[PDB]
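Go by the hints and put chains H, G, J, C, P, O and M with the ligands onto chain I.
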Amino acid sequence: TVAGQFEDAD
Amino acid sequence: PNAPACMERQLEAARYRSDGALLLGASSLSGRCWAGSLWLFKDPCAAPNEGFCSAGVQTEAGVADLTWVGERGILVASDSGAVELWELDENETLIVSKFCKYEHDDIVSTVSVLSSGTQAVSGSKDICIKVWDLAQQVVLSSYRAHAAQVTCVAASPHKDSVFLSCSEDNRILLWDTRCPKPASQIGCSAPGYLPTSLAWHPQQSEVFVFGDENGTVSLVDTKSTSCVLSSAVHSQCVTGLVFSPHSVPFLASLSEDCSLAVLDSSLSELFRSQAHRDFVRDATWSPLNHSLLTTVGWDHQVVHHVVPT
Amino acid sequence: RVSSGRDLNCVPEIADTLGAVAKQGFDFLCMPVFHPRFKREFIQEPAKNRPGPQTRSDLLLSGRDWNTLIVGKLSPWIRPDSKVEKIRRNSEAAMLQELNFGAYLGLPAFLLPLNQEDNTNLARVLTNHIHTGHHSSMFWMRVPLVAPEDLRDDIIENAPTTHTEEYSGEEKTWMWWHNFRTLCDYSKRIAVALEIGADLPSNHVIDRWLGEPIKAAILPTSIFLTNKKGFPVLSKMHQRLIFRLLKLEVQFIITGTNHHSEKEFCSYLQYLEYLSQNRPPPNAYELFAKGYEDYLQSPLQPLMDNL
Amino acid sequence: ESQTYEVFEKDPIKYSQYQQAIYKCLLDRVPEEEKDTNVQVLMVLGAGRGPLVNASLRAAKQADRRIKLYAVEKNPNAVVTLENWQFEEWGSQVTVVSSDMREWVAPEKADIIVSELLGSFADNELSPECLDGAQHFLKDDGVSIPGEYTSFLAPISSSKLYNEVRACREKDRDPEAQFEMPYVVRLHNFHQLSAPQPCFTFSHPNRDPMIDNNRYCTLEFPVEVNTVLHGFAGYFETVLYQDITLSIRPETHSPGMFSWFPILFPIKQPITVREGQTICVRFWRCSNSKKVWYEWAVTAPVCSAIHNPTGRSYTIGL
Amino acid sequence: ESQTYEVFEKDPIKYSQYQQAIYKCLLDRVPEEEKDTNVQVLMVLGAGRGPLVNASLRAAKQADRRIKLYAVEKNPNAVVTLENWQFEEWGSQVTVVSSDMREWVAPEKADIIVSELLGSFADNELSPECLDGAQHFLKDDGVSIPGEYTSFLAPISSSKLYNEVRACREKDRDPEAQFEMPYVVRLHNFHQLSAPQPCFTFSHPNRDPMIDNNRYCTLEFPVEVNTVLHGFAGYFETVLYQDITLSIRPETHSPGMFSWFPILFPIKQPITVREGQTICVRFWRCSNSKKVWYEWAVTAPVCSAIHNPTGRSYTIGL
Amino acid sequence: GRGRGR
Amino acid sequence: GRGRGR
Amino acid sequence: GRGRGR
Ligand SMILES: Nc1ncnc2c1ncn2[C@@H]1O[C@H](C[C@@H](N)CC[C@H](N)C(=O)O)[C@@H](O)[C@H]1O
Ligand SMILES: Nc1ncnc2c1ncn2[C@@H]1O[C@H](C[C@@H](N)CC[C@H](N)C(=O)O)[C@@H](O)[C@H]1O
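Residue numbers (PDB author numbering), protein chains in the order written: chain I, 225 to 234; chain H, 21 to 329; chain G, 13 to 319; chain J, 320 to 637; chain C, 320 to 637; chain P, 109 to 114; chain O, 109 to 114; chain M, 109 to 114.
Pulled out of the complex, with its shape left as it was, chain I reads as follows:
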C-alpha cells in the first residue's frame, strides 16, 4: 500500500 513500504531499512 504505502509507497516504498517494503524498501530496505537504512
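FYI, nobody ran anything at the bench for these hints, they're computed from the structure.
Warning: the hint list may mix true and false statements.
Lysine-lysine pairs mimicking DSS-like chemistry, simulated, CA-CA at most 27 Å apart [stated by the list, open to error]:
hint, chain 1, residue 1, chain 2, residue 2
1, J, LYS393, C, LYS609
2, J, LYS609, C, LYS609
3, G, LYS227, G, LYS302
4, H, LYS121, G, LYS35
5, J, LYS490, J, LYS479
6, J, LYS458, J, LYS343
7, C, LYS393, C, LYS610
8, C, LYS587, G, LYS200
9, J, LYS609, C, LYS587
Showing chains H, G, J, C, P, O and M with the ligands alone in chain I's frame:
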C-alpha cells in the same frame, strides 16, 4: 459485586495486603476457555466463595503470577506474554485495568516488584528478563543472560535494583543493574540439580534460599564463597518459598508433592501438612496473625494453617 | 502462494483465534494441544487422581479443520532427558499422552523441540510412538541455527562469552539434529523446522542445512528490522536465506509478538509476499523439471526394450 | 481417531433403534406406580464420544423414568471428550469412568447395560468377552442391550475380489497371509451362490455355569449355478430388545442403516462347483485367554487347507 | 522339553550353592531353643523337576530345622514328574501345586521363597515380574532367594560372531530383524574392548511404595586401542543369600559352572573406534503389561538406530 | 476407511 | 518418466 | 541345546 459468575477451578496466586485483604488470582488450565480472573476478599475466611468476594474481574488470558504494587495496584503476568497493571477503585469494589503491554514473547512465567516500588522485573519463557518502569509505563531494560526458560525471579527487599534470577540452564544470577555486566553468576556452585524457586531473607541482607527439582531447600550467602547449608525436605520440586513476617522468620515451602513444610532458620522441619489434594501453588502469611498461613492450590481450596511459632 | 502460519501458545478460545488468524492471512496455526502450564502426574497418588477434563474437547472444531488448520506443539515443561528419574518418567508419560492426543485429532503435523544437546530418551519415545498403530502426523523438530547458549549476550561477569571463530563450534546444532534422525533411523516422518534467529552462521553451515529435509522455517518477529517508514523488513543476508528457502517450498511460521505495534501484524506476512514475488522467475529448465524433483526413476535402456 | 467416531455418528438409524430399545426396556422395568420413586442404573459400555449416552438420556426423558447413568470408556481421548460433555451438558446425572470394563469395579449393580461392540461379523470385536467380563456387576434381573446377536455366512464368487486380495501382497510377511485374514468390503461386484445361514449365536447376560466362547460350526450350501467359489461373505443380525432388531443381512437389511459393511473370508484357491456338489464348510472361533482368531476350511466338494491356524496370520488382541 | 531339564540338572554347583544359601537362612531364622517347633514354610516357585526341592530337603535335614515345603509349577508335564516324586519319596512333606504363582492363592504366608528363574541376562526370563507377583503371599519378614541379582554389559568386537548373526537371515521376516534380537552364545572368537559394568539391578522382596520394572541405563566404556565394535556381551551376578553368590562374569565366574552362557546384543553396523574414545551406550527395559523387551542404542562415538523399538523384533511373552 | 474398516 | 529416466 | 539357548 458484579464479578464473574464462577471461578476457574485452578487457583494460581495468593497475596495478603498489609490491611489484611486477600488477593486471589485463578486461571482455567482446562476446558473450552483458558481465561483468568482476579478476586479481592476483605475477609480471607469467606474465600473462595464467589458470592462473598469483595471485588472481582476476569482477565483476557490466564494469570501465571501477580504481585501487589502498593495498597491498590496489582501487577499481573499473563499467558499471552503480556504484563498488566490494574488499580482498585476508591471504594475498592472494582478492579480496573490501567496498563497492559505485550512486550514479552511467549508467556511471562513470573514477575516481581523492586524495593523502590515504582519498577518491576519480569521473566519470560523466551529466554529474557525485562525491567519496567510502572510510573513511566515503559520497558526500562531488556536482558538475555540465560540459555533456557527463566524459571523464577526475586527482587531484593532491602536493595533497589538488585534481584536474583534462576533458569532451567542451571544458572543463578544476581543482577545489580547499576553497573555494566550486571549479572554475577553467584550461586551455590552445585550444578547437580536445577533450581526452581528463590527467596530473599527479609532480615539478613545478601543471604537467600532456593529450591531444586529434588525438593532440597538450600540456604546460601551472596558474599560467601558459595558455602551453603541444605535440607531435603520435599520429595518433589519446590514450587515456591515464603519467609514469615516474624523477627526470626520461619521458611514456608510448598512442593509439587502437594505438601507444606514450615522450617526454622536451621532448615529443620518445624511443621508439615498434606491437606491439599493436588499441587500447592502459593502460600502467604497473614499480617494480622503471624501464625496463620493461607495456601492455595489447583484443588480449588484455600487452606488456613496455624503454625506453632 | 507461500504457505504461512502463525505460532501461538496462548489460545483462550479456538474459534476467535482462528478467525483472527485467517483474517490476517495466515494458512495454519501452531498451538498447544494441552495448556502449556498444566503439569500432570502419573505416579503420585494425590496428583494422578486429578478430576475433570484434561484438555478442551475436539468437538470445538470440524474434523477437516483439525486435519488442515492446526499444528500441535509439545508442552514446554516436558523434559524427557531430565536427570531426575521422577521428572524423566513424568515427561515420558506426558509426551506419550500428548502425541496420542495429537494422533486422535489427526493433526497434519506436530512440533517438538530440540533445544538441548542430549535427546536420546525423546528420540526413543518418539520412535516407540511411530511404531505403534497407524497414523500420518508428521513431526517437525525445532532446531535453532545458532544454539541458545551461543546467542546469549555478554552480561555475566563470571561467565564471559568468547569471540573465537569456533569454525567447528558453529555446526553443533546440526549435530543435535543429525544424531536425532540417526536414532530414529532416518524415519520419513521426521522433518526439521529450523529457527532463523537474529544472527546467521557461516554460509557453509546454511548450505549444509539446506540439504536436510526442511519442512518449516520459524521466523521470530524480533529479527525483522524497521525501515524509515516504520514497517518490518529483513537484512540482505536474511533476504538471501529466505530466497533460498522459498526455492525449497518451505512453510514459513511467524512467531513472537508484534514489536512494530504502530503497524498491524499482517504487515509481517505482507513483507514475505513481497519477497515471494519479485524473486527470480523460474527459467525454462526449472519450469520443465517442475513436478520431477528428488523423484527417483530408473534409466532408460533403449537397446533392450523399445520406447 | 476422531474421524472414525465422526463417521460412526452419521448413522441415525442405529442410535434411533438403540433409543427405542432403551425406552421400551425402561417402560417394562419401571411401572407407573413406581415412576416417582424408582431410579434405574444404566451403564453405557464403550460410550465413545457419547452418542449412546445422549440416546439413553433421550429415551429416559421420553419414557419419563428416573435413571442414573455411568459411561465406561477406555480410550483416554474419548474420555476427554466425554468429560467435557459431562461438565458442559449432562451434569451430575452421568458419571464418566476411564477404565476397561473388564477390570473396573463398579460401585453399584447396573439395572441395564447398553453397549455397541458389533463389528461386521457379529463377534468380530470381542463383544462376547467384554460383555461376559462386565456381567459380574449386572443385577440378577438385569438386562443387556444388544440382547442377542448372530452371524451369517454365504459363499460368494468374485474374480475381482480374489484379484484384489491377491494384490494385497505385503512384503516382509508370509507370501500367502493375505488369504488367511478377513476384510470388510462393500462386495459391489459379486455373485452369491446361496442364501446366508447362521454361523454363531451369542446372548447376554450368560447365566450358563459354563462360560466359554470357543465355537465350532458346519454349514451346507446347495449350489444351483455351477460356478467357481472365491470366498465367504459374512453378515450379522441382532435383537437389541424383544422386537427391536438391527441387521445387515441382505434379506432383512435394516433400511438406510450404513454403519457396517459385510466381512469377507477369502479362500486360498478357487473351487469349481457343479449343479449338485453341496458346499460343506467349517468354521472355528478359538481363543487362548490372550488372543482371539477364526479358522475356516471347506470340506466339500473339494477340501482345502485350514486357514489362519492358531491365529498364524490374523488375530484380535484381548 | 525333558532334555532341557536333563541338561539343567547336570550342573552341581548351582544346586549346591542353593542348598548352602537355604541351610544358612534356615539356621539364621530358627534358633536352637525353637528347633523342634518353629516350622518354616518354604515355597519353591518354578520347581520344575525337583532339584530345588531336593536341595531344600537336604538343607533342612543338614540344618536340623523343621520345614513345610510347597512346590509350584505351571508346566503340566513337569507337574507329572513332581507328583510322581511326591508320591514316591517326599510324601506329605512336599505339596505340589499345578498353577502359576502369578495367579495361585497360597493357603498361608511363606517364610522363604526359592526360585531359579534367572536367565543369561538375569531378567530376560521375566524373573522380576514373577517374583513381584509371588511377593503377595510372602511374610512381612520373609526372605527371597535369590535376594538380588545384577546384570552387566561389556562391549565386544568379533567378526566371526557378526558374520554368524548376519547369516541368521530368516524367511518371511524383516531382513534386519536378526540384528535386533539377543543371542545366547559361547563367546570364543571375540575381543573384549573393556571391563563389564553393571547394567541393571533387581532385589526381592520389594517393599517400596511403587513397584515398577521399567528401567533406563547409560554406560560409558573407555577404549584404549583401534578396533571395530560389533556387539555387547551380557553377564550377571546374583547374591543368593549373604556371601552365597553365583556369577558368570569373567572376572568372578563361578568355578566349574556351565549352566549359563553370556548373552549377545548385536548392533546393525560395526562401529569403528579409536584409542582414547569412549563408547557410550544406552539400554532400556520396557514393558507394556503383556510383553517385556529390551532396546539398546549406541550414542558415542557415532549414533546408531534404536534396536528393537516397541519389541518389534524380539519380545518376551509376559 | 468409511464403514467398519481401516 | 521425463528427462532421461523411466 | 545345552547352555541356556533354544
Ligand atoms: N473392554 C473395553 N472396556 C472399555 N471400553 C471398551 C472396551 N472395548 C472397547 N471399548 C470402547 O468401546 C468404544 C466403541 C464404540 N465407541 C463404537 C461406536 C459406538 N456407536 C459408540 O460411539 O459408543 C470405543 O471407545 C472403545 O475404546
Ligand atoms: N510364572 C510361572 N509360574 C509357574 N511356574 C513358572 C513360571 N515361570 C516359569 N515357571 C517354571 O519355572 C521352571 C524353571 C526351572 N525349571 C529352571 C531350572 C531349575 N534348576 C529347576 O529345575 O527348578 C520351569 O519349570 C517353568 O515352567
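Here is how each hint holds up against the structure:
1. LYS393/J to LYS609/C: With Cα atoms ~17 Å apart, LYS393/J and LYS609/C stay inside 27 Å; holds.
2. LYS609/J to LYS609/C: The hint holds at about 9 Å.
3. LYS227/G to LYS302/G: holds, 18 Å
4. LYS121/H to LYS35/G: Roughly 23 Å separates the two Cα atoms, so the pair holds.
5. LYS490/J to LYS479/J: Within the cut-off at roughly 22 Å; holds.
6. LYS458/J to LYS343/J: Holds, because 18 Å separates the two Cα atoms, which is no more than 27 Å.
7. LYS393/C to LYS610/C: Measuring from Cα to Cα gives roughly 19 Å; hence the hint holds.
8. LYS587/C to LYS200/G: Within the cut-off at roughly 19 Å; holds.
9. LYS609/J to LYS587/C: violated, 32 Å
Hint violations for this structure: number 9 only, all remaining hints satisfied.
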